[PDB]
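One structure is given below, represented as structure tokens, and several questions about it will come after.
Incomplete set of chains, arranged as in the complex.
Chain naming follows the written order as A and B, and within any one chain the residues start at number 1.
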Amino acid sequence: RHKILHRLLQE
Amino acid sequence: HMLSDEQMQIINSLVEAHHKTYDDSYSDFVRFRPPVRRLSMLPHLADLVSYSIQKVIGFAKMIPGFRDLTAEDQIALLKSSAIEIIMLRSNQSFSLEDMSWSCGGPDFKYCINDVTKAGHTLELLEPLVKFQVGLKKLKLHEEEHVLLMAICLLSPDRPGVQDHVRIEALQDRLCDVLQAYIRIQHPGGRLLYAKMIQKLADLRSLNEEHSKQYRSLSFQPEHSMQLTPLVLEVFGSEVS
């Protein structure tokens, strides 16, 4: 669920 | 009749964020699936778009205030505006002399015929090229180019946003900076701000048409299998 977006959005 | 310190800091942080996420050498393009000239350009252009989405995410994370939003609003803003920021940032490689995007070499020179070989039609590509030429004719300063990308990304009128007042206040603060910059630093830019806001409206129309043609592309598994996981996630219809 928006897995790649969550990873890219964090530090 | 002059910008404040807090406003020039916004300009500085935005310009640096763009210099960190846009490489003028285009040396990373060799890592994409090579261009082929059915839908022979889809693999290369899918890698190009996917790579550009990562850059837009990196640019967004350095906009003042965007990182303080909830993770859901950040995703909603990115999913709805990703294709628009890509069309905006691609003007840097668009050339009026060639009417195409030149990214350092004939293999990385993309014309209208190259995008048709990626599943798209002229009802999207004609306004797209007609969008790039007048945006190029505006001859924006780099400060104005990056402000317009930031304003486009922080738009409140996008599906899925929850904190309408928090993001609208951010976008309003960026618009005042843009108006003030053009006023003070751009001679003859008296009609420029209105022309820049109009380009945002054109982007909404380009966004709607791309989503229609992407949906037809993504409903055929033989074509959607050529896309990347990031493209499928960002352009997908999943809602948080």
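In this text, contacts are C-beta pairs under 8 Å (C-beta built on N, C-alpha and C of every residue); 3 or more make two chains touch, one makes a residue touch a chain.
Counting every protein chain in the full complex of this file gives the formula A x2, B x2.
We adopt the following convention: only the chains that are shown with their structure count from here on.
Averaging Cα coordinates per chain places subunit A and subunit B 19 Å apart.
The touching residues of subunit A, counted against subunit B in their complex, run 1-6, 8-9.
Of all the residues in subunit B, the ones that touch subunit A in their complex are 54, 57, 61, 71, 74-75, 78-79, 229-230, 233-234, 238, 240.
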